[PDB]
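The other protein chains are all here in position, but one chain of the complex has been omitted.
Labels for the chains are A, B, C, D and E, by order of writing; each one numbers its residues from 1.
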Amino acid sequence: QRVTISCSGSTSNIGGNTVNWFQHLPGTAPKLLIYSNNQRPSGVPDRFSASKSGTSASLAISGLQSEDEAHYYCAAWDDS
Amino acid sequence: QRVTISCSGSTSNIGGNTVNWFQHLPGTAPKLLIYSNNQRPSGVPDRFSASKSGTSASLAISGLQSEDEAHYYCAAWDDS
Amino acid sequence: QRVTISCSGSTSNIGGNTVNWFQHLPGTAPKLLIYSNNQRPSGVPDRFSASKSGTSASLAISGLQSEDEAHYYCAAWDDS
Amino acid sequence: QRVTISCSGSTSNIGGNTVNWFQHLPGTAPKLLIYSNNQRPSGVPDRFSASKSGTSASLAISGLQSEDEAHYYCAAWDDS
Amino acid sequence: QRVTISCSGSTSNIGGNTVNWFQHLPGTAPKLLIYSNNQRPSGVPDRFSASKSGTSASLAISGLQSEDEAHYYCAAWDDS
Partner (left out) sequence: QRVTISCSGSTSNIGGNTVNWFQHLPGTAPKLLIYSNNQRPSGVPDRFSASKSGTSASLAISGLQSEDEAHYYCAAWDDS
């Protein structure tokens, strides 16, 4: 036999960039405030898996590739 | 036999970029405030899985690829 | 036989860069404050796995590739 | 007799000011050029006077009180 | 007799100021050039006077009180 199995992954290519951010900002006054008292997630897989709990109270400004990846690739189970 | 299995993944390519963000901002006054007291998610898979709990109280500004990916690819179960 | 198995991974290439960040900012006054009292996640896989708990109360500014990757690739189980 | 002679002068009062000029100018490219080959004035008073010759090839931006004053006040001649 | 003669002068009062000039100028490129070959004034008073010759090839930016004053006040001539 000639069984062929080929999974894949997270191949990334950005290129160029020069994002320069935020420049030339005369006088501002950022006075943010964050205060949380909840958001308790959970997850209870039994047979299969790759649950992904996630909590945040951030400001969430993303420039390039701010992912929170979590991979689980090409699993198997026979129990012969 | 010649069984052929080929999964895929998260292949990304951005290219160029030069996003420059936010520039030339005369005097502002950001005074944001965040205060949460709830949003508790959950999830209880039993046989299959890859539940994905997610909570946020952010501001959520995205420039490029602000994903929150979670993969579970090509699972199997025989129990022979 | 000629069985061929080929998984993949996280191949990345950024290129160029020169992100320059944030420059030329006349007098500002950042006075942020963070105070949390909750967000306790969990996860209980039994047979399969690669759960990924994650908690944050940050500000979450990302310039390039701020991921939180977690991989689990090409697992197997026979129990012969 | 009670002859009373009262001339006047250049009394000035500006007040306040805070002219701030020209601010917050992202990248420009001033490439001015001046080249003159003439403008020769003259003046030949004989009996009375206070002629005022003036020549310029400037750019002439004025913010406040850019005068070129020249005074000659309360003259007399008797030749008794 | 009670002859009363009262001339005046150049009384000035600015007040306040805080002119701040020109601030927050990202990258420019001033490449001015001045080259003159003329502008020869003159003046020939005979009996009276206070002629005022003046020549310039400047750029002439004035912020406050850039005068070029020249005074000649309360002259007399009797030749008794």
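Please note the rule applied: a residue touches a chain if its C-beta (ideal position, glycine included) is under 8 Å from a C-beta of that chain, and two chains touch if they have at least 3 such contacts.
Peer 1: Just the residue numbers, please: which parts of subunit E touch the chain that's not shown?
Peer 2: 1-80
Peer 1: Determine and list the subunit D residues touching the chain excluded from the picture.
Peer 2: Subunit D touches the missing chain through residues 9, 17, 21, 49, 53, 55, 58, 66, 70, 75.
Note that in this section only the chains that are shown with their structure count from here on.
Peer 1: Distance between subunit C and subunit E based on Cα centroids, please, to the nearest Å.
Peer 2: Chain centres of subunit C and subunit E, defined by C-alpha means, are spaced 70 Å apart.
Peer 1: How many angstrom lie between the CA centroids of subunit B and subunit C, rounded to a whole number?
Peer 2: 10
Peer 1: Could you list which residues of subunit D touch at least two other chains?
Peer 2: 24, 26
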